[PDB]
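In structure tokens, the next block holds one chain alone, the form deposited in one PDB entry.
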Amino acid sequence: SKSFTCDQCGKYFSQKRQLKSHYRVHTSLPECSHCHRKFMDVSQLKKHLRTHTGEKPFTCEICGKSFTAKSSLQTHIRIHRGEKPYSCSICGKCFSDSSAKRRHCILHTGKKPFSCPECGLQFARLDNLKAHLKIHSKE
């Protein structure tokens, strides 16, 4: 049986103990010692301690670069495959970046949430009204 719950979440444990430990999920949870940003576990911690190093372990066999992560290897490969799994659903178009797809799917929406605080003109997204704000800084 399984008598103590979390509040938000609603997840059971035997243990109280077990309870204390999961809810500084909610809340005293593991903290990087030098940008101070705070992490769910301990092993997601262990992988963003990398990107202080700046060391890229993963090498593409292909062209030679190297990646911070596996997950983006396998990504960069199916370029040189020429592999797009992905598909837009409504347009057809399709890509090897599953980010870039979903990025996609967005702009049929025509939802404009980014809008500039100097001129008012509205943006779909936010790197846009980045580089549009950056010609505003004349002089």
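Numbering follows the first chain given and starts at 1. Only the largest set of C-alpha atoms that superpose within 1.5 Å between the two forms is called the rigid core. First, how it differs from the form deposited in another entry.
- Only one of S33, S99, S89, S71 has its Cα shifted by 2 Å or more between these two forms after fitting on the core, and that residue is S33.
- Superposition on the rigid core between these two forms places the CA atom of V42 2 Å or more away from its counterpart.
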Given for the second form:
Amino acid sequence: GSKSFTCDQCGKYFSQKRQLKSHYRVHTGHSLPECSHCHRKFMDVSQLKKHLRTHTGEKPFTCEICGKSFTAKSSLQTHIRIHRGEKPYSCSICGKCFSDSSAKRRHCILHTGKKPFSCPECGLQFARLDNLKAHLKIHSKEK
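Switch from the form deposited in one PDB entry to the form deposited in another entry and print that structure.
What comes next is one chain alone, with no partners or other molecules.
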């Protein structure tokens, strides 16, 4: 109030041109925090520090039940639900429940029947890119 500068990518408003220029980095990547190891860029320095653990192998979030360690606290939180049998994610179509939110999301796709991954060698179609990768290894073994 008032804001006269607009981003031509997401439409967000800004009161000063310097504010728009700083925000525009998220679309172009220019001058974003850049990892010195791999030179990929991230939205802020905290996301870069998280990414640094991919190079060091540091896993600072340890499960006190089994002793395994994880790179992110969210992953530890998801892992703890396995020990406690906590399955809060359920498919609304068939009722199958999961402790992992991605396992639930991946399962629900099967009710659509879509198989968008087609083997370039024989044309066999798969709902999962994983199954296509493993399938192509059979062609490599046959050849």
